[PDB]
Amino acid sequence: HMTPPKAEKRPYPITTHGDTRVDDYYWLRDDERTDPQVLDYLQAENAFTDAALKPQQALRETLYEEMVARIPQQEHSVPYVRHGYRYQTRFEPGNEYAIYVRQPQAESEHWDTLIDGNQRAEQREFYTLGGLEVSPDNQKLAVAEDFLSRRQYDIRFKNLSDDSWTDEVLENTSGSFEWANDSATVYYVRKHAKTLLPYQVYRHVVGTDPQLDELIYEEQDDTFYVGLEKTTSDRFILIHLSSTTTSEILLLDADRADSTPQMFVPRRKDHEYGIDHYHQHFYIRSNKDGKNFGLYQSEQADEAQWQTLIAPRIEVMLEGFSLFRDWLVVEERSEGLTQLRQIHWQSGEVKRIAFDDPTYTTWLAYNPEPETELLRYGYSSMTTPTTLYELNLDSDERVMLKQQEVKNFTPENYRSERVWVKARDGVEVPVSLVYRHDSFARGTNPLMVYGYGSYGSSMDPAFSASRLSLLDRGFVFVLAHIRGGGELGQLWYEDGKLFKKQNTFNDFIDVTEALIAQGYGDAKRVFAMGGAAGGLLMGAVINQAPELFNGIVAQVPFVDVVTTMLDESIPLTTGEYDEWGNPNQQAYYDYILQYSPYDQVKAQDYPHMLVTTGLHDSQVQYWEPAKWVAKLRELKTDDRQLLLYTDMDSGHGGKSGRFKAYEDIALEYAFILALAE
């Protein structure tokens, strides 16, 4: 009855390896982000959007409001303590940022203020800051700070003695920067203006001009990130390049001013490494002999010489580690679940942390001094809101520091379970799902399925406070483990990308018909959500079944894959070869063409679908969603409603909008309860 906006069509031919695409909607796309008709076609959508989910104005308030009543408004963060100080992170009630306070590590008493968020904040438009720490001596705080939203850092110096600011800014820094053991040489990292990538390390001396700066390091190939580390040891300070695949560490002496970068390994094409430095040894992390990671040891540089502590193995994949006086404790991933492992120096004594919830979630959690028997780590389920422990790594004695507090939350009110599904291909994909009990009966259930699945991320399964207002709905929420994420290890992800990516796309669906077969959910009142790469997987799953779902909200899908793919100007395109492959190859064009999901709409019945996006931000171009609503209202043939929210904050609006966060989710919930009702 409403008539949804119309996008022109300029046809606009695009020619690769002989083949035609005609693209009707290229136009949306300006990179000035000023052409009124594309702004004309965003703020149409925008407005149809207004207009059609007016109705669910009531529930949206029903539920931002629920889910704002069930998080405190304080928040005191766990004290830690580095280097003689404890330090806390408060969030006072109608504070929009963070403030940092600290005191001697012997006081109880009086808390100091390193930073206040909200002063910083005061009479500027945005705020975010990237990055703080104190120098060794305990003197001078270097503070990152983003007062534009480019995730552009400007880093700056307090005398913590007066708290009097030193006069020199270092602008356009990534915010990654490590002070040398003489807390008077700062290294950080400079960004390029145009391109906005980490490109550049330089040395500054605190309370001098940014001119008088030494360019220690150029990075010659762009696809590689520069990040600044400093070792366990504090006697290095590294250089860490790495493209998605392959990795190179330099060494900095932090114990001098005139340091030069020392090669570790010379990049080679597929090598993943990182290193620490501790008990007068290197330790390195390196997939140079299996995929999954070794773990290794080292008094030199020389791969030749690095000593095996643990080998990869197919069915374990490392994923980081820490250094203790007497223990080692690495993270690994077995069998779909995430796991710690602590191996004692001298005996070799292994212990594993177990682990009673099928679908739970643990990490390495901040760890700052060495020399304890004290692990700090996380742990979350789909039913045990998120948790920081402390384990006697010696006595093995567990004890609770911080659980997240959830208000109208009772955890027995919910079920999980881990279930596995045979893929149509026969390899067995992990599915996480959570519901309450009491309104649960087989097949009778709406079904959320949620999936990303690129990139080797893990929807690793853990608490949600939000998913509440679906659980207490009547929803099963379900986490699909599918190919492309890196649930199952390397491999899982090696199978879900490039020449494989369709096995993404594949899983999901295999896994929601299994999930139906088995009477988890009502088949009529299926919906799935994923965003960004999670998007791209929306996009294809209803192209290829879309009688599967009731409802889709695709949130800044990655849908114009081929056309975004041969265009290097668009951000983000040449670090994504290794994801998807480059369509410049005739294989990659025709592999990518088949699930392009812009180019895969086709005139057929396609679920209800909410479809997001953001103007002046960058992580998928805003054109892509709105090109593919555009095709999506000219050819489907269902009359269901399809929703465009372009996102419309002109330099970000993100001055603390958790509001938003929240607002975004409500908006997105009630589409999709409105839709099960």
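Numbering follows the first chain given and starts at 1. Think of the rigid core as the biggest set of C-alphas that the two forms share within 1.5 Å after superposition. First, how it differs from the form deposited in another entry.
- Put simply, after the core is superposed between these two forms, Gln619 is the one residue in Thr612, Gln619, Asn46, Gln56 with a Cα shift of at least 2 angstroms.
- Superposed on the core, the two forms barely differ at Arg21: its CA moves less than 2 Å between these two forms.
- Once the cores line up, the CA of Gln37 ends up less than 2 angstroms apart between these two forms.
- When the rigid core is held fixed, the Cα atom of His652 travels 2 angstroms or more between these two forms.
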The other form holds:
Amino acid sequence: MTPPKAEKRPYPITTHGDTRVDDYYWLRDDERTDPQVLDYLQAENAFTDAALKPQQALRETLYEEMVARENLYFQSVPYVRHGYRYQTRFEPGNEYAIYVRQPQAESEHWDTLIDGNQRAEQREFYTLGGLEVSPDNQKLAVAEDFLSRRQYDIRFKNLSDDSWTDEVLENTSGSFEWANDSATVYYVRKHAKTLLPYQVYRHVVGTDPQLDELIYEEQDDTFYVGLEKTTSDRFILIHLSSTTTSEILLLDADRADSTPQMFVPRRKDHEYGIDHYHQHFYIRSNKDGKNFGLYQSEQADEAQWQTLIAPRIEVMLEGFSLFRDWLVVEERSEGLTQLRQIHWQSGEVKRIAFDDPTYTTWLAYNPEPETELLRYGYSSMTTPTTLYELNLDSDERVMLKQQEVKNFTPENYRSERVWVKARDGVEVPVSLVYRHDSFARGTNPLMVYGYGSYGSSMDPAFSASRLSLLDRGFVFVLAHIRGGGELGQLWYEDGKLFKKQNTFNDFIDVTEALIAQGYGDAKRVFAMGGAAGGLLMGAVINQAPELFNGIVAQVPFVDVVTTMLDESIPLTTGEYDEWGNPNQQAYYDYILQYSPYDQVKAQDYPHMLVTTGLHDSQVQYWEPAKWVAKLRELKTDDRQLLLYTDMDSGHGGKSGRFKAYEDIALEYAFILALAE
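Can you switch from the form deposited in one PDB entry and show the form deposited in another entry instead?
Only a single chain is listed, so you will not see partners or other molecules.
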């Protein structure tokens, strides 16, 4: 079958006297209306449909077995907050969650707080982006998106009679806090054009939003504006943060006329976050070390901050929770997540021990500090996600919930942590899982998954959908490459800006070691990654095409120089601290060397499926479309190259989780057919 051939319209882009001619610059159409652009995306979708037509039966088998291992009756673990018990309920044949509550001393009767199915009646789209009852338990504030544009309407329900007030706060981030009067709420307004959060307003419930007062306006575009409330309830925080740099303003939660009080003025490369409890500020801050410390203060002044935990090169400090008698910290060390608890009085330290080679642990939702019971999450490549509750004093651990997986026997699978010595001598961790009875050294197809940007960690956890590959002989690998966070801030920093190439080198060095050690069949190595992990997919296949049989590149960031030169593209002005600004000759040069679109060569490429989405305003559909067009023009092999563009507008990843399972089934069928 003859693949679609995009029209070439040579478009020169000249930077620092370097001219790049982009034949497909025209595929970018911000209005997503141009019929010629739509024609190319439709033709590629038709080609993908026709190429993958024989995989239909396998797609059905995969889809049905993925849905079959999940319950359709889900009920959350109930939690208590301000004398009420809260539960979320999904029943089969309901797109949306029902949220219920009852008085804490009640068992029998539950009251509906909000039914998403009911709220979605006569609407094209529904996302709940926020839910919070007032301190006096009388009012519900909800942040809802009916239009799919990530702009939230805040509305108010009287819980006494289930009546709604008739005002709406429009174009909000969904971030809002009640003042302690259960009458005033603070909310974040998004910029009209950029949709970036930039204003804090104050609303009296029951009044017209025209009466609302502007409390704070952020001048720096790169600074996210979010609202928080301290554990003590004494302060509403205006949390301002770039990727590198923080600033917190305090709002007295106990007055109706409060103005923002500076905590510590922003200083480039000083990231901090605060809470308030027991008459102290608690600060997680990188002021003295990239791996962060914890500080106590009676006042804002940075020089008064007292050190509770000093930053350590070996231990990244990720977060903390405050309880009556205990401090609990989330840390990473030697490539594992950990929890430690420290007694406020005795200074007694306990670590929460797990022996699984490939697990992750985290602080879960603990809305009440007056307790000895900690809720924390656990998952491994062999153990479905678990909520535990720990008695911090007695060390008694109970299981509150497990992820229910049907047709699944945990003993059928093995997992391992492998360390690979990268080409520059740096040790890269790897987490891998496979079915015991079908494993034979050098025989198995290998799926290598990476991300490797922003300090995001691909922490090893359980996947139900992954069983569809493991039960078909695949060794599934997480490559914990530089640019991720698995070994702390230095791990991230050694895979961004002028070290970004280490991300792609680590992925190739990991893949080569695994093949050398017989984890996979050299001829049946597959890889997948999405977004900045699609950047990884693009760079790896330019640099080392021969390693991989097949590739899935989801919504890939591939036109890196051109996108990062254009502040009109959503996200660009917030990403200079990740890739660099190619307006500077040093960054242009460094970035162009890996920018996958720019490094497409007349060479043999793996089989590849590239995905994207038309109407998702923060998915830049043109980048993978241009990339596929250029690959079609230059590649020397006869292997399959497909572009699938989601033409939808709605549902996304939840409720249309069936859409999510459909995409997984398509992608896994594509790979399984190549590995057969």
